[PDB]
Amino acid sequence: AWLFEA
Amino acid sequence: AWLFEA
Amino acid sequence: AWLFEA
Amino acid sequence: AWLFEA
Amino acid sequence: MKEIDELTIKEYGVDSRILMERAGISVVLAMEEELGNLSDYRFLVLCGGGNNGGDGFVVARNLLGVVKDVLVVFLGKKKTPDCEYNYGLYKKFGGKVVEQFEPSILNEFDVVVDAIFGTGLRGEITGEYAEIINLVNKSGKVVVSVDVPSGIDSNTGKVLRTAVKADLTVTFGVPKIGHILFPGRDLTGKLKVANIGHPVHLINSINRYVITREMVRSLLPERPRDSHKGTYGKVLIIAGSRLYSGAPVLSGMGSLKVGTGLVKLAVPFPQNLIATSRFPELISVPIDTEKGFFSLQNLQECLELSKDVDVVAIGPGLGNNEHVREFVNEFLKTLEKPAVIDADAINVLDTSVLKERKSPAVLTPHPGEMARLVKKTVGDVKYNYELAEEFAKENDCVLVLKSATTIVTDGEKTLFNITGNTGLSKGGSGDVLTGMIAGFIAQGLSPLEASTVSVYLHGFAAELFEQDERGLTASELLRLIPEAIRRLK
Amino acid sequence: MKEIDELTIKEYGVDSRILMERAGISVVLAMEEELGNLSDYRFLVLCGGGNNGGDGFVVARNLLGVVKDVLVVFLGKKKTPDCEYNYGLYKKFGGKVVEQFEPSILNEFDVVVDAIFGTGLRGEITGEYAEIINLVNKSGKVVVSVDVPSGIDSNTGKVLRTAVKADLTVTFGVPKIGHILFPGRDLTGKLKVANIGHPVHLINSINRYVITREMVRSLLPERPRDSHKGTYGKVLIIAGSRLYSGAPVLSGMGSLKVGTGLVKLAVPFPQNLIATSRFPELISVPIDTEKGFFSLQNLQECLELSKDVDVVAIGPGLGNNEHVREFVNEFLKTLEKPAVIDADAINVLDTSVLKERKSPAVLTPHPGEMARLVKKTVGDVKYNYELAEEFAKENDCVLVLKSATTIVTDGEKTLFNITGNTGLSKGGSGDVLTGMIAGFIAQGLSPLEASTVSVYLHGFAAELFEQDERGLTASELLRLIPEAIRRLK
Amino acid sequence: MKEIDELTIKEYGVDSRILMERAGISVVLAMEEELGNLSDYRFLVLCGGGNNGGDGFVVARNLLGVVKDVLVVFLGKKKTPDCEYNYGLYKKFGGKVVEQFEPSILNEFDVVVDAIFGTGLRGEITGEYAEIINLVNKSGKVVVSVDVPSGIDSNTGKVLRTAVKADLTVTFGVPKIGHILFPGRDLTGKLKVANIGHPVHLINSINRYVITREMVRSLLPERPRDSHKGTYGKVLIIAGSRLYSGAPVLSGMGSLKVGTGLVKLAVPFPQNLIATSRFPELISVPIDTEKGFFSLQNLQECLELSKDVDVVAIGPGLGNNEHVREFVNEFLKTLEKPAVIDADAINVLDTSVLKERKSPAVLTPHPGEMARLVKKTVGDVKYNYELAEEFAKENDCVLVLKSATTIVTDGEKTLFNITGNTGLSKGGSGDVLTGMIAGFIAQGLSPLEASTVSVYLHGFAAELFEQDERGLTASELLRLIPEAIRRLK
Ligand SMILES: Nc1ncnc2c1ncn2[C@@H]1O[C@H](COP(=O)(O)OP(=O)(O)OC[C@H]2O[C@@H](O)[C@H](O)[C@@H]2O)[C@@H](O)[C@H]1O
Ligand SMILES: Nc1ncnc2c1ncn2[C@@H]1O[C@H](COP(=O)(O)OP(=O)(O)OC[C@H]2O[C@@H](O)[C@H](O)[C@@H]2O)[C@@H](O)[C@H]1O
Ligand SMILES: Nc1ncnc2c1ncn2[C@@H]1O[C@H](COP(=O)(O)OP(=O)(O)OC[C@H]2O[C@@H](O)[C@H](O)[C@@H]2O)[C@@H](O)[C@H]1O
Ligand SMILES: [K+]
Ligand SMILES: [K+]
Ligand SMILES: [K+]
Ligand SMILES: [Mg+2]
Ligand SMILES: [Mg+2]
Ligand SMILES: [Mg+2]
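Protein chains in written order, with the entry's author numbering: chain A, 1 to 6; chain B, 1 to 6; chain C, 1 to 6; chain D, 1 to 6; chain E, 1 to 489; chain F, 1 to 489; chain G, 1 to 489.
Some hints could be false.
Said to hold, decoys possible - With a straight-line Cα cutoff of 25 Å, these simulated SDA-like cross-link-like pairs (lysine to any residue) come out:
| id | chain 1 | residue 1 | chain 2 | residue 2 |
| --- | --- | --- | --- | --- |
| 1 | E | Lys307 | E | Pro360 |
| 2 | E | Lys489 | B | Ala6 |
| 3 | E | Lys96 | C | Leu3 |
| 4 | E | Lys234 | F | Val378 |
| 5 | G | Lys77 | F | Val378 |
| 6 | E | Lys393 | B | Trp2 |
Derived from the structure by calculation, the hints contain no laboratory data.
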């Protein structure tokens with residue numbers, strides 16, 4: 001979750 | 001596949 | 001068995 | 001592998 | 001295929017004996033794949049005097065030393081050069097031939113290889129030929145037919161007095177029409193098509209094909225994500241009467257289940273209300289009729305409704321009286337949209353109307369309707385693909401002649417469908433197929449492509465029914481269509 | 001987002017090079033997550049002269065020494081400071097750049113990283129830019145686009161002459177409108193949104209959002225155990241005609257399946273009986289009409305029926321003639337309840353009526369209906385969120401502009417829905433959505449919240465269909481709604 | 001690594017702030033991988049005034065808005081430029097710093113990020129620094145150390161008065177010696193090595209490595225199918241005495257289990273019979289001795305036995321008296337084969353003999369034996385890799401200094417082994433390792449390669465013991481070696 005949102 | 005088709 | 005032996 | 005080695 | 005053999009030998013230069021060797025070994029490999037290890041079986045090889053028999057001698061010679069017992073019964077009088085050559089090999093290899101048999105000969109064998117007649121069959125089978133074939137058929141042994149079961153006419157599928165019933169048929173190059181049409185299709189049992197070394201270009205040039213899963217897959221239209229119902233076409237179904245209120249609903253849902261965007265029914269009032277009580281997705285326009293049947297008084301309303309659609313299906317449940325006949329023919333004469341013409345619209349059709357139409361048409365008769373349409377007997381038209389081709393060509397249409405094997409033709413190209421089962425032998429299944437074809441035309445497939453995809457998917461859906469096929473109904477068939485589509489890809 | 005970058009640099013003090021480094025590494029991590037171990041792939045990095053290209057140089061430099069091969073094709077003329085700086089690093093690290101390419105260059109590479117143009121795209125792509133993009137698109141290689149696929153306008157989703165088709169797009173901070181609207185949404189492939197170090201407060205301040213599962217989850221109303229049907233509201237649906245008897249049933253069940261307590265239909269007699277024959281849970285009030293369509297003669301009965309409900313939906317299947325127009329407009333002028341206005345009620349709507357209504361409204365046009373409503377072309381209104389916002393603001397309503405990506409706006413806040421598939425591209429699906437919105441308003445959600453939850457759930461239900469999407473029908477969609485709701489929590 | 005940072009900044013041109021940003025984010029990603037979703041944890045970030053602290057400020061800033069709570073305790077006086085810059089960012093982002101703490105501050109936090117001291121640690125930790133570190137260590141919170149746990153000297157692994165005990169340490173570029181040697185290795189907890197953007201060429205140039213599975217895998221010799229025992233070498237083991245009859249058996253099987261073709265023991269009679277009663281595969285030559293110990297009277301027989309082998313191992317269980325000393329030194333002076341010198345052969349070794357040998361040698365002391373060999377204390381030699389390197393270089397040998405982390409060096413190249421567990425802390429395990437090294441030399445590996453593969457495999461075999469490690473014995477260790485080998489490939 002910290003780096004990417006889908 | 002080379003010899004037979006069904 | 002008819003065509004190949006291993 | 002790109003970011004971390006263990 | 002006879003031209004294909006001749007060209008492969010005479011122009012490409014493949015020795016006829018090489019083709020025959022390849023034929024025979026392909027039968028051995030096929031049998032191994034079907035029976036497992038062959039070394040414990042005893043084989044009875046029945047050889048005619050032709051090249052079918054020659055194929056049989058290759059089979060027999062190749063089993064020598066490797067199985068428990070081989071015997072050839074040679075039933076011919078004379079032998080062709082390649083049969084004689086291969087008989088010669090069988091015998092140099094230590095093979096036993098006999099030229100007579102006793103009814104009891106089947107006793108000491110487990111597998112019968114049927115190399116009596118192939119594509120060279122001419123006329124009825126009688127005499128010793130018939131009696132050995134009837135003995136084989138009573139024997140309960142495993143039967144493997146070389147090329148075509150002996151006694152099937154390979155151009156028609158008809159039984160010439162008597163024929164072998166095979167568990168396995170191994171054919172060479174391409175399936176023959178007689179493995180595809182009944183009764184031949186039934187006697188063929190499981191069909192394997194062997195590559196025996198013909199140039200692929202020759203095999204691919206054959207003009208009459210079986211509809212396969214891969215063909216249907218590549219015809220299914222695309223579903224681009226940025227789309228809306230208009231992307232997927234609009235169908236009008238003109239159908240039903242006070243007698244036949246169910247047909248419109250089955251045709252309409254048939255169109256929806258194959259992915260059509262909008263489907264409208266025109267059905268006599270109040271029978272139109274039946275459709276939306278079952279499926280409220282459908283639009284079911286009430287048509288005011290004098291006596292519960294379409295007539296000329298509804299011509300103008302139907303042409304109006306037709307202006308806003310891509311295809312019109314007409315006929316299921318219309319009834320057949322003179323007022324329906326007048327309406328159907330004036331409508332089709334004036335309609336400038338593709339038409340799918342079924343059922344009672346076929347029964348009242350004036351075929352002169354088809355010739356003068358500039359727009360395309362698909363006709364979907366069962367043999368009773370085709371017989372009435374061309375003024376012949378059911379027996380003369382059933383499985384008569386050449387008659388279907390002539391009709392399609394002369395009337396500038398696609399003809400879909402329904403039966404256990406369905407023929408789809410535009411007069412140039414002819415396709416055979418072999419999906420389905422006897423659950424479709426029940427009222428309503430035809431009405432579904434009509435909607436399916438209209439639906440695929442609306443989505444942009446040619447009438448021929450639409451018919452090809454629909455007959456395949458319609459039969460495949462029937463096969464996906466979970467319980468006994470005889471209990472399948474049209475409503476259940478509809479529910480299975482989207483599963484058929486998913487399995488296709 | 002351009003303001004967001006500028007503020008992060010100029011006021012928060014984050015070096016622009018740090019943002020660019022973070023951008024580039026996030027692309028490497030994204031590719032690893034998608035492709036697995038990168039060490040066996042060969043990478044072709046296509047870099048423009050802008051900051052998109054600068055991001056690309058960071059990608060390339062970070063793959064040096066760790067993958068099988070990297071090559072940069074630099075296609076720009078000049079370089080921005082950060083692009084130049086990162087080009088400089090790539091080269092000090094031992095990187096190979098070339099400034100020309102041969103159609104064959106794609107040969108020796110497995111992955112193309114597309115860093116040609118991002119948000120800086122202006123005007124049509126031509127020349128070498130276009131030709132390399134068309135070569136990439138024909139190459140069948142894996143394509144990873146930096147920020148936005150080059151050639152998509154990131155504010156509209158439109159293709160500026162030609163555009164890259166990506167397998168994976170990695171965007172920074174927030175999704176751009178051009179990943180959300182088509183065709184851009186299609187070319188984006190799989191979208192990953194990377195955090196590159198913007199203050200979260202700036203990211204959260206963006207005024208146009210994608211509707212997510214978490215947002216919809218927190219909007220779903222509560223179901224307290226001590227409740228009864230009145231807890232969950234009452235809907236009146238004014239819908240149907242003698243031509244369109246199905247629409248009311250689909251709208252009514254749409255309200256029931258989202259948890260509404262009581263749903264009443266007003267439908268012309270006898271078409272009202274259709275609804276309860278299918279779903280006897282529905283109340284379907286017969287309206288006496290002269291010719292099968294609502295008219296002023298039914299105004300008083302409908303206002304009466306409206307007094308006892310929390311919301312009224314109007315329009316599906318009403319037909320569009322002058323008597324319907326007179327009825328719809330006088331009704332809405334007098335109705336002092338929230339109104340959900342759809343379909344033919346939109347086609348006959350006098351927008352002056354909307355302005356004078358004190359009660360709220362949601363309008364639910366597809367682009368054809370929106371085009372007719374504002375007297376523009378379908379092409380001018382389709383995906384035109386600024387036009388939707390203006391309309392919503394000027395008419396004091398919520399506008400739900402339906403399409404593969406649906407826009408939901410009240411003029412201030414705008415939400416984009418990306419659930420659904422092409423099974424909804426079929427008559428009836430709209431009628432279901434109308435009932436859903438009315439239903440959620442009845443349960444106490446604002447018109448905007450109701451519309452937000454409903455468009456998400458309506459599309460998600462379609463995705464839960466078990467067979468091929470093209471066979472989905474509205475009736476099946478209804479059955480899937482409660483499963484969509486369960487999956488949401 | 002300090003030179004590596006300087007070169008990356010000053011010559012390659014990477015902004016020091018970019019390296020620091022990369023450091024900090026790699027800590028966030030590492031923590032996420034270890035703790036799962038970070039959004040529910042509260043973080044206490046302890047920052048010194050140096051660049052370790054600057055890394056810490058990047059960590060803290062990047063958690064802002066995304067986790068439940070962050071607080072920085074800044075414990076330094078002054079700040080380096082990059083620490084100050086990143087402190088500045090943390091604060092512009094809305095971060096809370098405090099410069100004092102109460103013992104109770106650990107109360108309201110779940111995770112402690114230790115960014116107090118990294119490689120810049122100099123001298124003992126005292127004062128507030130010590131007290132916060134002792135509070136952290138008593139707190140039972142999850143501890144994540146930036147680069148090295150604060151208080152470990154990163155060049156030696158020694159604790160400078162007090163040190164942080166971490167659950168997770170994230171280090172940059174390469175592991176430091178202080179994560180590899182104890183006590184530092186113990187305080188490091190789980191070590192992740194993050195790539196922060198150094199040119200790979202610089203990272204790869206580091207001259208002191210951890211022995212990895214991949215390195216050992218690529219060193220394992222080939223087993224070509226057309227081979228025989230001579231392909232795989234011959235070992236002579238000169239070992240044992242009337243006091244120590246077991247050592248020869250463990251060394252001999254150690255050679256056999258790593259794939260050596262023929263192994264011969266020379267052991268005083270009757271103790272030689274012990275070996276073949278246990279393992280009849282071994283050849284165990286009886287040596288006639290006066291009193292049960294090797295002496296000069298056996299010199300000639302041992303040189304004779306040595307002529308037909310590829311390597312000689314000597315020392316396990318020999319005993320240490322003057323006659324053994326005379327024998328061992330005259331033997332090694334005359335032996336012109338690689339020698340593996342262990343145990344009592346080390347205790348009596350005259351190091352002048354090593355210098356004059358033209359043939360190679362590997363010495364395998366534990367720290368007690370190394371201490372006696374160079375006339376220093378156990379404390380001075382334990383983990384003293386620079387002393388090991390000097391000794392190896394001056395005596396032209398490979399030195400294998402055994403301990404929980406084993407050092408393998410030839411004076412130029414130094415490798416650290418981290419496989420194994422405390423089941424090897426028991427008599428006999430050393431004797432096995434001696435045989436393993438001799439075995440691999442016999443199969444054609446260099447003395448350094450042989451030692452590298454053997455220390456890894458010897459420790460890995462111990463880890464494969466199925467029950468509690470403290471019950472592992474040398475005999476069981478032997479049985480596990482071929483499983484260790486299989487797992488390596
Ligand atoms: N054994 C079978 N195997 C495979 N397919 C079959 C089988 N039996 C029938 N079918 C298929 O089922 C469909 C039946 O279509 P129709 O013969 O038109 O039958 P039906 O649905 O009863 O027709 C409905 C009505 O319309 C008019 O033809 C007539 O008034 C009839 O009552 C065709 O596609 C046909 O190929
Ligand atoms: N490819 C797609 N992907 C996702 N969603 C889609 C897609 N295609 C359609 N949808 C959704 O399906 C719904 C279709 O709504 P309508 O366009 O109103 O279609 P429909 O149900 O056919 O309308 C019924 C009737 O009412 C009047 O508009 C008109 O008389 C029409 O016949 C919308 O929510 C739309 O976003
Ligand atoms: N905690 C540990 N973790 C990992 N490895 C360990 C650990 N403890 C011991 N080892 C390993 O076990 C082996 C022990 O070797 P030695 O110290 O030589 O111990 P040992 O087998 O008892 O020696 C046998 C005999 O020979 C002479 O040294 C002396 O006479 C001794 O009694 C070495 O490889 C060492 O690295
Ligand atoms: K035959
Ligand atoms: K791009
Ligand atoms: K630290
Ligand atoms: Mg029919
Ligand atoms: Mg609609
Ligand atoms: Mg020892």
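Point to revise | In rising order, the numbers of the hints this structure does not comply with | key: Hints 5, 6 are the ones this structure does not satisfy, whereas the remaining hints hold.
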